[PDB]
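Spelled out, the chains give:
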Amino acid sequence: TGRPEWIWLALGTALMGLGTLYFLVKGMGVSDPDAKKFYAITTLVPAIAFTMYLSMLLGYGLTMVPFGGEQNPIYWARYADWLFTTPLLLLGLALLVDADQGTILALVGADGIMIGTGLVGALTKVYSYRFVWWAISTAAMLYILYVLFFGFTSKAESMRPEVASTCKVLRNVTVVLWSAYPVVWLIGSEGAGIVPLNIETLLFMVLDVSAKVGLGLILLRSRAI
Amino acid sequence: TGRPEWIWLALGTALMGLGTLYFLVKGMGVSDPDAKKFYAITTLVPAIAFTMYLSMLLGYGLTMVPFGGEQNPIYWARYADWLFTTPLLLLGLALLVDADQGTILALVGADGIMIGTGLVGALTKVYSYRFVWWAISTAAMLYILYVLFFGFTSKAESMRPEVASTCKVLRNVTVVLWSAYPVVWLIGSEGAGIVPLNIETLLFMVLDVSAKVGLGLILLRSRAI
Amino acid sequence: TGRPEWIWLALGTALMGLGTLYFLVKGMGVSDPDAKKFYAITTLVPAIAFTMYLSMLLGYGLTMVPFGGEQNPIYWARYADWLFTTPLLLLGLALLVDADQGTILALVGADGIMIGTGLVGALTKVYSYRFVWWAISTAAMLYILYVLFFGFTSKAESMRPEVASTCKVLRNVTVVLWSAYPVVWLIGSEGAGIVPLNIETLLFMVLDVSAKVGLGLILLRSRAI
Ligand SMILES: *C/C=C(C)/C=C/C=C(C)/C=C/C1=C(C)CCCC1(C)C
Ligand SMILES: *C/C=C(C)/C=C/C=C(C)/C=C/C1=C(C)CCCC1(C)C
Ligand SMILES: *C/C=C(C)/C=C/C=C(C)/C=C/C1=C(C)CCCC1(C)C
Ligand SMILES: [Cl-]
Ligand SMILES: [Cl-]
Ligand SMILES: [Cl-]
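As given, the protein sequences belong to chains A, A' and A'', one line each in that order. A prime marks a further copy of an entry chain. If you count the first sequence from 1, you need to add 4 to reach PDB author numbering. If you count the second sequence from 1, you need to add 4 to reach PDB author numbering. If you count the third sequence from 1, you need to add 4 to reach PDB author numbering.
Since the hints were derived computationally from the structure, they do not count as laboratory data. You may find that some hints are simply not true.
Below, computed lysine-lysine pairings styled on DSBU-like, alpha-carbon distance capped at 30 Å [what the hints assert, rightly or not]:
(1) A':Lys40 with A:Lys172
(2) A'':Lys40 with A':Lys40
(3) A:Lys40 with A'':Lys159
(4) A':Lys40 with A:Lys159
(5) A'':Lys159 with A'':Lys30
Chain A' is faced by these chain A'' residues, among others (derived, beta-carbon under 8 Å) [as the list claims (entries may be wrong)]:
(6) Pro37
(7) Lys40
(8) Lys41
(9) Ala44
(10) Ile45
(11) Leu48
(12) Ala51
(13) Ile52
(14) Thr55
(15) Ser59
(16) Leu62
(17) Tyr64
Every residue gets a Cβ at the ideal spot worked out from N, C-alpha and C, and that includes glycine.
Chain A extracted, bound-state conformation:
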């Protein structure tokens, strides 16, 4: 394909594909009912990401949205990805910090709102409004990141100073990470146009592989803890 971004989408499809295969094989020999849940989650995330990245690469997950006086290329497929993978990623984190059912419901609902309002902002035909939908979506994220920071910090403490002060390098990687997405959307082609589309695609691809594959490894791992 010609579109400059094909390479980052092709690289994302390759990587997510490799990660889901690695997690499918790693998940063989697991019979513990809770190692099974964590493996179900950790494997499904990159599997969904793989399909959505391929849809963007093959051109299906792409659409044109008029605003600011132009026909802007908007990859709606990402939101379909994030719509299922983010709930699943918080699910893993919540099972981790042995959070209660009500908390899982708040995080997930707030996460649906966050992705749902991002897609509306991503598809709004009136320029200025996109940013209103960007703020509401980021407000829903501060909420999420809030509940998480005190989900990890509340658990980080109940463990030794070598393992307590560690479930901290998970809480921490997970929050800086997520915070990248709003800034990538805002300076990107959906948000402002400060950064070109092929760089924005690169930024999101480096972020997506980090949070689904990279972190998944880190997450799965540090069980004992």
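The hints should help you fit chains A' and A'' with the ligands onto chain A, whose structure is shown.
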């Protein structure tokens, strides 16, 4: 905006927004695992309603549907709202009447069908058929309201005559309420055209704030009971 | 209606409708919390199928998709059906083989992917790619059928040789059945065009009534077992 309904959509966005804020603050100081679930639910409902009302106000949640020989303005956004808020509202009621898992599954599935068939009826391009999809949707509602009436009435009894004969003014408000929606859709602009679009918008806005904010307060409250 | 397939869609709407009514009545007199779940599931499946079949019959669930140099009639509604009914059908099977939560999550997630990629393949405007999305979807199915075969075979054993060697004629009917769908899609009008649209509609209608109504009866039944 000019569209006559902007005022009811603006009023709905303001109110839902105020209610979700009130529920976010009220929900601070809750550590009981089950008060947490009820607060998650009660707060999320108006939060989703707020976003969908804003989408209709900003013009995104609106679409044109041809039928009867005209380009009719249909707010598809309402169905996206109801799609998540109604399941969540029955969830609160079911946790209340300590209903079993199977019952929750029947109510929720039947509720998805009810909203799903309302959207199809709302989007059908053949006039007469809209009413077929209206009947199927209302049949799915009688089912819901049925299971609920005997969920509350079954619990209403197990309590004293002062508190039994009360979880009755909840069962009761909840059924009259929901029953309004079909009649508003039928006489409205989606259904018949007996009532104009701006009045229909007013009718739905008075109903939506009553069931998410108004009732939410009433629901949250009457816990002891 | 004229479209040759109306008869199979009309027959599907009639049958699914009859099956859901039969399951609604049969489900009266059930108070056991787990017979309630199985009845919720078994009844909802054909209820959703009924609505989606009617949408296809009334012409709403149909859409035109260009590929191979033609305007091909694609019933998108089937995927909306399968999107909710397949998860629900595996739910019944999983509760049956007393599978754990993690397994249910793997099966369901993989099932969402399977239906999601079938819809993308069904809606792809580039001919060759449809088959790529067909393979990925069938890969997600082998996974499902895999986990199931060892869900039933693992349970098939724990029972006598008369009842063990039986939960085998369920495991078995369920796998041959599902395997039909990919071959019907591939030789059908969405996939290759070897079989005409009205025969493809017939093939899917004979399969859908078998797995929702026919099997539902078989499933519900063989409880003791
Ligand atoms: C695998 C992907 C992950 C972990 C994605 C996370 C995404 C977000 C937190 C996205 C947030 C957004 C906003 C807060 C504003 C609007 C733009 C979004 C949707 C990118
Ligand atoms: C916050 C909103 C609530 C409580 C909404 C409830 C909605 C209904 C019970 C809607 C029912 C409908 C029908 C029975 C027929 C078709 C039209 C609908 C979707 C309005
Ligand atoms: C009531 C319906 C049932 C049990 C449907 C089951 C459907 C499938 C297993 C469909 C599978 C498909 C593929 C593997 C490839 C693409 C085409 C599909 C979606 C028909
Ligand atoms: Cl494609
Ligand atoms: Cl908007
Ligand atoms: Cl229709």
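Going through the hints against the structure:
1. A':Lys40 with A:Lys172: 25 Å, holds
2. A'':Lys40 with A':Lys40: Judged against 30 Å, a Cα distance of about 27 Å means the pair holds.
3. A:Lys40 with A'':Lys159: Between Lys40 (chain A) and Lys159 (chain A'') the Cα gap is close to 18 Å, so the pair holds against 30 Å.
4. A':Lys40 with A:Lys159: At roughly 18 Å apart (the allowed maximum being 30 Å), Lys159 (chain A) and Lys40 (chain A') satisfy the hint.
5. A'':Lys159 with A'':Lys30: 27 Å, holds
6. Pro37: Holds. Min distance 4 Å.
7. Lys40: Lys40 (chain A'') check passes; min Cβ-Cβ to chain A' is 3 Å, inside 8 Å.
8. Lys41: Check passed: Cβ of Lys41 (chain A'') comes within 4 Å of chain A', closer than 8 Å.
9. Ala44: Since chain A' brings a Cβ to about 4 Å from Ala44 (chain A''), closer than 8 Å, the hint holds.
10. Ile45: Hint on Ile45 (chain A''): holds, closest Cβ of chain A' at ~7 Å, below 8 Å.
11. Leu48: Holds, because the Cβ-Cβ distance from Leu48 (chain A'') to chain A' comes to roughly 4 Å (cut-off 8 Å).
12. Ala51: Holds - the Cβ of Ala51 (chain A'') comes within 8 Å of chain A', reaching about 6 Å at its closest.
13. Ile52: With a minimum Cβ separation of about 6 Å from chain A' (threshold 8 Å), the hint on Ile52 (chain A'') holds.
14. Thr55: Nearest chain A' Cβ about 6 Å off; hint holds.
15. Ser59: Holds: closest Cβ of chain A' sits about 6 Å from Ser59 (chain A''), inside 8 Å.
16. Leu62: 5 Å, holds
17. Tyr64: 6 Å, holds
In summary, this structure violates none of the numbered hints.
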